[PDB]
Amino acid sequence: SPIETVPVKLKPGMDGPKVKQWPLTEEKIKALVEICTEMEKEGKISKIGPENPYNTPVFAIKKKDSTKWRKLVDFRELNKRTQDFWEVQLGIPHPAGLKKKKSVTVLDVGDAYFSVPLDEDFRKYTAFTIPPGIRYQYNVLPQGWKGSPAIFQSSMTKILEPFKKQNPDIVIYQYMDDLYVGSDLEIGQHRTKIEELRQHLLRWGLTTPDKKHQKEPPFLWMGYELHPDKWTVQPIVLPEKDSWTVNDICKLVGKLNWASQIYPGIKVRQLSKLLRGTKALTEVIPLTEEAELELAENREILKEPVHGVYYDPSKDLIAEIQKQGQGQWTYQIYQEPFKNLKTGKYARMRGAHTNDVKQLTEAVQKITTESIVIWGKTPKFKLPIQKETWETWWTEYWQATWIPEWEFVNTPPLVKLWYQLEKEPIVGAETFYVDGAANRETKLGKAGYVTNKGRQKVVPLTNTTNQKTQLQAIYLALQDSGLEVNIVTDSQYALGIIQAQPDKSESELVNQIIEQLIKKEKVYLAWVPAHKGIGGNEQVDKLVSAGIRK
Amino acid sequence: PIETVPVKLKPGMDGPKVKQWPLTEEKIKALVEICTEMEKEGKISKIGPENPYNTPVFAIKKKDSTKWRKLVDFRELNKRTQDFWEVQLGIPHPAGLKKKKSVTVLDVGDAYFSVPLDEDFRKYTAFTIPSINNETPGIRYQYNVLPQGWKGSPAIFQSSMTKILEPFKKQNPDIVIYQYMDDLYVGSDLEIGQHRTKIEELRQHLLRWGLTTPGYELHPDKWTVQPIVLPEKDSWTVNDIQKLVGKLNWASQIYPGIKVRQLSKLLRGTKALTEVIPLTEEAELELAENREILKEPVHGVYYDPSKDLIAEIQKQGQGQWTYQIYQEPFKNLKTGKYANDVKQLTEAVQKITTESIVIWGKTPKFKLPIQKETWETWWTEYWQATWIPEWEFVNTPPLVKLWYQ
RNA sequence: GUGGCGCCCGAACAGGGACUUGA
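So the sequences go chain by chain: A and B.
Numbers 3 to 133, 140 to 558, taken from PDB author numbering, label the letters of the first sequence in order.
Numbers 4 to 217, 231 to 355, 363 to 428, taken from PDB author numbering, label the letters of the second sequence in order.
You may find that some hints are simply not true.
Computed from the model, here is a short list of chain B residues facing chain A with C-beta under 7 Å [what the hints assert, rightly or not]:
(1) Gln91
(2) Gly262
(3) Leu264
(4) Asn265
(5) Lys287
With a cut-off of at most 25 Å between alpha-carbon atoms, the simulated SDA-like pairs for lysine to any residue come out as follows [claimed, not checked]:
(6) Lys374/A <-> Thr419/B
(7) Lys30/B <-> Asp186/B
(8) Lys395/B <-> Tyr183/A
(9) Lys166/B <-> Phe61/B
(10) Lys126/B <-> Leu92/A
(11) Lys49/B <-> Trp398/A
Hints listed in this document are in silico derivations from the structure and should not be mistaken for laboratory results.
Beta carbons are placed, not taken as given, at the ideal position from N, Cα and C, and that holds for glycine.
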């Protein structure tokens, strides 16, 4: 290992910790001592007993594949002390970015971390002690380490960079400890370059087989299965339990969201509102008919098999949306019809009150983010919305909302504002001065309206602050009013809610507001202040203040 | 020959542990294509991941060019090392150029690339280009020399820039000069053609030392505020009066000489929002007082330099924008107007920031009416300058929009 | 025994909008 070893220091003005060894058994002891002998004669570990008074504890285990008591260690007292490194291996390589390459292969690594040495100004801090007892210190990168994957990938890239420049035609994707390698070349030359690569790496002391899974694939990869020209999730089922628990709910939710990225036409929303208030791990909740109809839908979708595709850089890619209602949004990505690359789900609630075009902008910008981080280019679009609506929205909106090149599709359902507002009042219409208040102590609010004719009104309410008071006030106004209307209030909250023009929201009263607002063909809205004596606004505020403002 | 200054952050100020937002391949290709050459000329250098600090990267294709240049978001670095250029090697700010007819911004980023830098400071300036789809980890690098987008490298470069500019401006006295960042300014209230002639002569004079230097042209002295004017329709509807009444009640905090008595007198008689209401002599007197007031500016505000600036912005419609500036709220300094959406926005922030540069010699803190992910994603394409402002995002009230129609 | 990523649920700080104690 003549590699370009790295200098590594410790945090500012600190020391290595000292701990006690744990109370353990007798059978694992000589076995892991033999493991230590094996790792030592492999040319890895330095044995030094009287070196320094450091004692990093040990947490051995009987791990999977019983009787293979592998070597293990704790480093929680040092990982907080080791100097930060950088980590760009945050996300994961999506199958889509993997390019269509015919001659594919793979080369895993055996005991990868145990082949790179470490810098002699740091081998002191690896006190692996065990029962007289005895100490043993690494010269290498051990596990439980904060900076081992970064150093590993850095040294691996700097090692194979000459191999890259020798054959840039060939693609090399790496990960934690694995090598996805491939090309579109013929097999006699593929295995030749691969053997040259093997000798290239074993020049630096690295492992690799020939009897691996090259024709044995599809692989299993973070829950994904990779055919050469296709791919799909690790195969999925769903439980047939007659009842449901919350663990059962979260299990299937995680499962289908791990399958939603390829499976079009999924619903989770009604299947996840159950968790609000559901916090115990034993509550037998029903399988309410919304969720029953949803999971029957989902199982119907899943009963058929499907496979994805890979990416070709030349053929420009397309996005599309098949909206399925109830504030939920799906999305397909395809370079050709019916050959979908990936799909997914988006039904987030940016603010409890919202409209559809806002959610659509949210969705397309998130899809642009994901398409950037996966492929590196935002796609051309195909959306179910007319241009005049987009023009009316961003002209009559108090923000900026851009989308890339796009076009129209005639795929029902459609997206459209179920109503609108005017910037100009009406002759022959009615005026409605409204207001409403409540108390912090009894919550027994009052609300009402008044006209210019005289047909006034007062209504009491309960268990609320003045915001929902004003909202129920305009509700009672619209219920007592007619066909067109011109309204005035004294709150910026109702205005900030309405002028966003929502078509769907959570609590039932704004739903009633919009439900009866759509009927009224025309409407104006305005705002005025209080404590100024502005016409009916004082009258109503006096009338509702009785029993409220004392 | 080189003897760099010992530079260091304020004690109790960590370095910039920052991520890197996503990038496109079309930019990454050019970024690699140019950083390799920068690395061959000894300007930068590869490293391992032994240092954790990072600083973002983003590409551009600016006006008056077609290349694929780059720059760096050094916002934290400047905010944390501001002591250096504030006391250690600082410079004063004049106030003569803003009253002059014409200026011309320059770009001298190449000269910075002929001077080394402190070795102890280089780890605080790591910049990662990413690799698509997390295939490969970042191709990390390190700055050996004084980089662009940082407000300490012109601070120490001013010393040799003084010896550079010595000869001509003793000859050419009436010109004022600034140096804020990689860009450079030149004050010239003279003929714009002669402005261009002397600009060409100066460019050649910089070329004499091997300096390559291939909005761009500006006219500040004619700028003024938009004095808030109001209609004069002899007819008035109650909607108009309510709107005006809320307008003045919100504006009271700005202008103390604000009275709405007679307008509130007309409202005790409730009626529709369409009848005519003749303004009395008293009420029209109050209007005339207000209109004579708003022709004037504020009296009582001043430019506190040691505080920070906040440059709020609003959208109106029709492709017409505004802007407001204040250190402390409701004490304005300059307002105005400026006519796809996001491109208008970056043009507007470029304009406003240049105005702030020439006037106060400082870049403000923004408050934009837009989401974070949208701007963070899309702003990288349409930008054309070589510096960065500080910004955040806001959830705009629909009454500040009633500032102007 | 430990760590990392995802999904869900809860506590602290800044901004904005509203109700009570004093000249």
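Subject >> Contradicted hints - numbers only >> reply: 1, 3, 8, 9 and 11
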